[PDB]
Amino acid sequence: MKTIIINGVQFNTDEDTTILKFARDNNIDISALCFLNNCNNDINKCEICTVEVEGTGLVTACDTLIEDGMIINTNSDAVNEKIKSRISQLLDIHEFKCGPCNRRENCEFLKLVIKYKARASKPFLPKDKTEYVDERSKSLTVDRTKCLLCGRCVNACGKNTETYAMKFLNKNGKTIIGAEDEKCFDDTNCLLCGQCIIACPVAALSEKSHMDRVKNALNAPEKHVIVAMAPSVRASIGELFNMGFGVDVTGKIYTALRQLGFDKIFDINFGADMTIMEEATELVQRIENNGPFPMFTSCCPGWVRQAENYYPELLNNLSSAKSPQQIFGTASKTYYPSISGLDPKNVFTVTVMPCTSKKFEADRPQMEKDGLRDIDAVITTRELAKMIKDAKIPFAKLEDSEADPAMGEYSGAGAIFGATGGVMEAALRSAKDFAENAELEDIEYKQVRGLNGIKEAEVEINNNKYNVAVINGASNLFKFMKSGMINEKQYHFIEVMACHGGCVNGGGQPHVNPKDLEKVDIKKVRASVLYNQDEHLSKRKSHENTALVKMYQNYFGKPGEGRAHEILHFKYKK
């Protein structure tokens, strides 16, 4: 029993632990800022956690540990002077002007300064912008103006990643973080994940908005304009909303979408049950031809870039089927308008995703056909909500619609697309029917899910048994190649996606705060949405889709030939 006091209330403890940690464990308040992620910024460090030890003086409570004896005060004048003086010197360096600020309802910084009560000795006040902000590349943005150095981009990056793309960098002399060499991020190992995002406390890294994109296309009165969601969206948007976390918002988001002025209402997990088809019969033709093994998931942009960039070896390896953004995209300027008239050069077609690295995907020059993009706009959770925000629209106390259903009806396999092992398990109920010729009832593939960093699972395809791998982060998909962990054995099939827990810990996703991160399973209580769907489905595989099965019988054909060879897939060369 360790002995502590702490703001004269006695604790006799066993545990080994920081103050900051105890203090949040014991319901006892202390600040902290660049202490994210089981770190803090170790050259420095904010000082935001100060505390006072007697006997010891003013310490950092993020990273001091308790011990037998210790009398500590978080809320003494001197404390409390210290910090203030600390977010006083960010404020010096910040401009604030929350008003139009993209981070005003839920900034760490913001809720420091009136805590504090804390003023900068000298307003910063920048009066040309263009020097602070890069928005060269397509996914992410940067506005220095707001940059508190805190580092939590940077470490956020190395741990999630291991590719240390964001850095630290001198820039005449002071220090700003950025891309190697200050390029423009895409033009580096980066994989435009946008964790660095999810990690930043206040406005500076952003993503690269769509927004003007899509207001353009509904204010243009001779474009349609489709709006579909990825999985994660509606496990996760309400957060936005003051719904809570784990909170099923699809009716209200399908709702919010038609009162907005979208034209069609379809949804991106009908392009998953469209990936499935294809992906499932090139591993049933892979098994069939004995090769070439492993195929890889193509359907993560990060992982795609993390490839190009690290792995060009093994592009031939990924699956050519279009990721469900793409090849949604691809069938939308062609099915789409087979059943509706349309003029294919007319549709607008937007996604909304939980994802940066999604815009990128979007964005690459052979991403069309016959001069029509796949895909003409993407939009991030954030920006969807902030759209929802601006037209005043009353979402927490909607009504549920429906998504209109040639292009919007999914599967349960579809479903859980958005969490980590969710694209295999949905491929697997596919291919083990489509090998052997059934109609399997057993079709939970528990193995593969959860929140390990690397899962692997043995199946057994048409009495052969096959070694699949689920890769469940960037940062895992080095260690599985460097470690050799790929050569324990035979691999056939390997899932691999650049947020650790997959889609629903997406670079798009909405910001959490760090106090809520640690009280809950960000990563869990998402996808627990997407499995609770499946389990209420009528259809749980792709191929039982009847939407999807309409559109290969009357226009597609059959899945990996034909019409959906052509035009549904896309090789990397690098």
Given for the second form:
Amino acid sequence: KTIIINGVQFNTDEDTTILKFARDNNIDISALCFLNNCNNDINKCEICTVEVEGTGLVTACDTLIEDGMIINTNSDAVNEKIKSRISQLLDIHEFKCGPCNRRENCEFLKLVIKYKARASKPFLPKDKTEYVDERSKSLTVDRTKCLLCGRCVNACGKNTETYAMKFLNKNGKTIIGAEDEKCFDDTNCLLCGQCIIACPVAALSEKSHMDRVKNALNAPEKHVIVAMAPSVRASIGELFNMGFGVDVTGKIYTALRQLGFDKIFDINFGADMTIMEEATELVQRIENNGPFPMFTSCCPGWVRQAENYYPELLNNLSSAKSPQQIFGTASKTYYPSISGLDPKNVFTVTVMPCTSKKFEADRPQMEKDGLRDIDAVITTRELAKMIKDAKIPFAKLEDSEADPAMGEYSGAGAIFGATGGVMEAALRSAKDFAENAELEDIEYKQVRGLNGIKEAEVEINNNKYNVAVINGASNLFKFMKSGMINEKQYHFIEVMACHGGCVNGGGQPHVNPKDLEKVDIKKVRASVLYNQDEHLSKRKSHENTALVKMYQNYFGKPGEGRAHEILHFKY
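Next, give the form deposited in another entry, keeping in mind that what was shown is the form deposited in one PDB entry.
Single chain only below; no partners, no other molecules.
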């Protein structure tokens, strides 16, 4: 093929779109509704318009290059069209960036600036009740910002295959929303937030827990614990212009102190707890030659997928609480026992890459004696915003350490944030428990990385066992619907709702589609976790010295008795 673009000749055998070809050859073409290799097929944004001689204006993002094409990306006709489309969007957009939670990284604002576009008639709604939906424990919709670009609908379809996010017709007006305009929680929605990550604007957001947290921090009698997820320390630096793949563990700890939190713990300690419990459960099932498979139960997106689509699997879930809830339960029981705090005054906050964690933390039965396991959950984004509002100079902060009693973690806990992390961590402990040894080969590289469905055969004490790692909620559906689950007896299966694992959660920093072209965000975020695992002296959960003291002195034997009554949960 011979293609001419902006007067430049290319000879190529590529079968691809004008947009992709252009960007591979450093020619600028704007795009808005194109993401995840699809665009909005029914009301195309046309922001990727280019001129093809002999044809006229075409959308670059979904038009294949053809021998003979002469393309202009920057003619007057092209810029007037794009500008016009942006102006029409401004007519349905409450353009007030000051207070807007996307002010610093909005794709639309950038386009508005780029083409110097203006509304024909400013949109200034007087009743946002109509436009805002805050019923969900995890997601919020603000339709005054919604461009009807369809990226959330497409992202939900590709990432989950639930299509819980849909276009809806509301008396002649098109909106997005859940089935029948219900609260998302009341539908098959997983509450994973992949739709938020796909949104170019402030139209979708996490349900804020920031007021919960600030009220608690300012309440004199509340002792506010905070603990962050594995993924936050690999991610939050992005939002302070530190670049990608930066380990900021120590800066976070210092930042949390400066925000006024009273105790700095770490959910990776909770991850080591989950393993203590679940690896023990796996050995029990192995000893009792059943029941199989056991599924992980740490990802609440997957738990909702099971509840909504495979309720017959709920009995197969490990009864170990997730790192978050297990940690939270311990923070109301063990931690008062070693600190003297009145348990009612402990307020336990997590920092999560995840929107679905807010739903999990607010589950009615996730409490004991009237005390919630977890009182508040803020996303990575929310924490970033709290830090910025407090004017903490995050990139400049010095490293500090977590408080050790519920803050130490092993390398096994550290890699939880990546797909295959839980599997690898659990196998490190299950192999030791079952064989009563302290094995040296602990790296299970076969369960790592971005393949959608990953499997491995593992030897545990003279028998072969089959494990699987399902990476993405859409891959759960594939694994089940294709009957892959029936090709062999599976013994232990990890499921994560977000492809890449939690490092790609719905609570994570947005990344500009351009940067996504440069960086594999899933791999670069995960790399921080695996690097920690490599450089930690303890790389097995049951080697965590703080955790071991906690079990010796308070919980007893994992997976039975007290530990089973307190730290487990069945759906």
